[PDB]
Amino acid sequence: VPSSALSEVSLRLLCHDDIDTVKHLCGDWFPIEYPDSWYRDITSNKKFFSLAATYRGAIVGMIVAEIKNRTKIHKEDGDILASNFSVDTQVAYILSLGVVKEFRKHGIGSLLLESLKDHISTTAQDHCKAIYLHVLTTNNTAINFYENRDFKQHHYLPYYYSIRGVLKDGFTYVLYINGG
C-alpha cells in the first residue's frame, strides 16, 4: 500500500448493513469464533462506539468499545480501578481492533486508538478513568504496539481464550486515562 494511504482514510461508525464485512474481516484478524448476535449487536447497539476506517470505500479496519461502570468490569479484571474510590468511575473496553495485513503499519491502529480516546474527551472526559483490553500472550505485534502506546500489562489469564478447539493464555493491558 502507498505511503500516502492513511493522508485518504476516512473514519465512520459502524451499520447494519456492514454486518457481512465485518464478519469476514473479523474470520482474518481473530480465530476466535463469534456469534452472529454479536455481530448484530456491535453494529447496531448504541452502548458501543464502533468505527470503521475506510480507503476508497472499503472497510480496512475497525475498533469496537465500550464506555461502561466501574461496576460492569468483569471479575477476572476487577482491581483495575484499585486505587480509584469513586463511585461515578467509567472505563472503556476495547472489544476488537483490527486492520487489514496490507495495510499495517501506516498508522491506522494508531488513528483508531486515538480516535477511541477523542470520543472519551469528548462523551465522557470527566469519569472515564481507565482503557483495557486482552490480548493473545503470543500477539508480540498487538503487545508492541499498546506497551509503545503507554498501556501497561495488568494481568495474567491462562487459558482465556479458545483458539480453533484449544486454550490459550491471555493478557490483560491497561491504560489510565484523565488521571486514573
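Between two forms, the rigid core is defined as the largest C-alpha subset superposing within 1.5 Å. Numbering follows the first chain given and starts at 1. What changes on going to the form deposited in another entry:
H24 shows a C-alpha shift below 2 Å between these two forms [criterion: core-superposed Cα displacement of 2 Å].
After superposing the rigid core, the C-alpha of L11 moves by less than 2 Å between these two forms. Relative to the superposed core, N84 shifts its CA atom by 2 Å or more between these two forms.
If the structure you just shared is the form deposited in one PDB entry, then what does the corresponding form deposited in another entry look like?
There are no partners or other molecules in what follows, just the one chain.
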C-alpha cells in the first residue's frame, strides 16, 4: 500500500450492494456478531450515518454513527450531556469505526472521523453537541487513537453478568462539539 494512498481515497455512503463486503470486514474487525438486519439497516441510509472510504473501488474503511436525542442515549451514559441540555439536543454514537489492516496508519480513520464531525456540525437536522462511543479496555490502539483526537474518558463500564449474557468491561469516550 503506497504512502500516497490517502490522496486517492474517496468517501461515499454505503448501499445495499455493500452488505456482503461490510459483513466480511466486520467479521474481521469485531468479535461481536450483530444480526443480519443491522447490516441492512446501516446500508439503507435511513436510521444511520454510514460513510465508507474506498481505494481503487474497494471499501478499505468505514464509520457508522447514530444520531440520537437524549432519550436514546445508553442509560449508563445519560450524563455525557450536562443536565441543562434539552431532551431534543442530539449526540452521535459511533457504532463502528474500522479500517482494513494494511491501510491503517494512513489517515483513513482520522478522515472518516472528521467527516462524521463535519456532517453533524454543518447540517441542521443532524446537528450534535457530542460524539461518544464505547471501547474495550483492552483495545489500546483505539484508545490512543481517540485520546489523541481529544476524546475524553467519561466512564468506566464494569463487567456485567446475567443469565441473558455477558458484557465485558469498557470505557465510554466522549468529544464535545459545537458548544457541547
